[PDB]
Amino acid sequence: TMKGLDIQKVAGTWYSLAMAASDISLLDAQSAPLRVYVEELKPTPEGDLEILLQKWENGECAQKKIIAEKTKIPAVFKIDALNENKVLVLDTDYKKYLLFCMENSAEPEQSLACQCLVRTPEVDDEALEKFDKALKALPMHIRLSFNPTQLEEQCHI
């Protein structure tokens, strides 16, 4: 988990370039439970974190606003959404990429999903290498990526 995280500097728009998870079924279908496309991060003054993302539901992408609550580890947040209860920030440079995981701490290998976010819509090979470097110590069995045209196509339905 990240040390020295300044949550306020992650604010603004983001794109889901890649995602990976501990169980194939968490991401394989367009309707899979952790297939989510992050659009905005909105930190609060108190230091909580609003996550704005799109999820497929009943034929259409739908916006979800997930309130991530501050905890005693600065880069760990508590949630009650998507059947997860934690959001972990692994690393970011604030201006280019951000790596975050979600999991259900009660069954982590059934529930862990990590994403590589980028600030701009392009395939950033260096951000992906950082992502893959973070992932090799995690029990991932599926990894997906989306170029900018593919990402927009996910909700162009």
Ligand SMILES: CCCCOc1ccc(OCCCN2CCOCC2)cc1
Contents of the next structure:
There are 2 protein chains.
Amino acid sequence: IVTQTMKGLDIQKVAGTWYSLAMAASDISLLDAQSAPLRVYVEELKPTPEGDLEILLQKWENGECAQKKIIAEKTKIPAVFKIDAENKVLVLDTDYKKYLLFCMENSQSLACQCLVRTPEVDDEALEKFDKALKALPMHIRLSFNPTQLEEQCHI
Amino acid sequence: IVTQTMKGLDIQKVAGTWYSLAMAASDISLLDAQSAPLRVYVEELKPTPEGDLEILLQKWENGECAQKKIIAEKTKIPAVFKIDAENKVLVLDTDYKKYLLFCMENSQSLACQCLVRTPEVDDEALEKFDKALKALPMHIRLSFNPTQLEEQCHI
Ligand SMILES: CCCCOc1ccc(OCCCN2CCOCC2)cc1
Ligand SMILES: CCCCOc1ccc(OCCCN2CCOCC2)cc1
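Pass me the form solved in complex with Pramocaine as well; I've looked at the form deposited without Pramocaine already.
Below is the whole assembly, all chains and molecules, this chain first.
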């Protein structure tokens, strides 16, 4: 369903600190509550030397903001990785220095994010995210202010 | 804060059947859950002869989809009405035959909607709603498919 990907992705250069500035999803129920399944906040991305991608994130479950770690295994397409359960991650676009657009999907369920390096509202990167999105059937879209970004689980 | 209004509003011609196709709000907490305070679905608008506006809507409270009725009292500006508690309703735009854009606000808390006559996705009217919105600090946006539109409380 998502037919936008980044050409030439250097997976090593996305390592380190990120902020989930915005999130959208095909179904309201995937992002609606604090503990919605795809309301996940990205802390940091760790690409192994052999080209896999470890993701550190945060996730409200049972009243608490928990850390989580997950490995997204590489594929033959450099902009596409696999998490196990089945789930595909796709990198749509990034300039490495400021923003990164990604989506995750199954086999028409879908959630995408605007990751940014610093705790600021980047209008430019939200435009691009909004453009990449109009091509997709989203029904819920959220965004966070600089205060919430510095908080665990964006409270 | 919202500085868009409709010139020449004929309040009588908005009477009757409407569908809340989309909703946006300044704070996630105003629309996030089924029972969020501004997650209100519009059923029908009844403009009195003396220019006031009765609103029939639906609202999930305590496990059930309840009907509600409210009166929005007129003002000297024909595109602005008052509900009592304090709350201002503003009509931003409408073509009467298909769509109506409105916002409601207090004294920087804000929620807006794309109302449409029929249970269809009107891309045109969602554009306009999205344009009217970029001028505003929204942090949550939702939209409903034709099935959910025919259901009480859009389930
Ligand atoms: C290159 C882009 C990196 C972002 O990739 C993802 C980050 C988080 C994801 O969320 C997976 C959901 C994690 N679950 C939380 C609770 O259930 C178990 C794991 C998926 C991809
Ligand atoms: C001309 C546009 C008509 C839409 O106007 C409104 C429709 C619903 C509104 O919602 C008011 C919130 C209703 N509350 C629900 C639970 O608390 C008590 C009333 C406000 C304006």
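Residues that one form lacks are left out of the comparison. Rigid core (definition): largest C-alpha set, two forms, superposition within 1.5 Å. Positions refer to the first chain, counted from 1.
Core-aligned CA deviation for residue 6 between these two forms: less than 2 Å.
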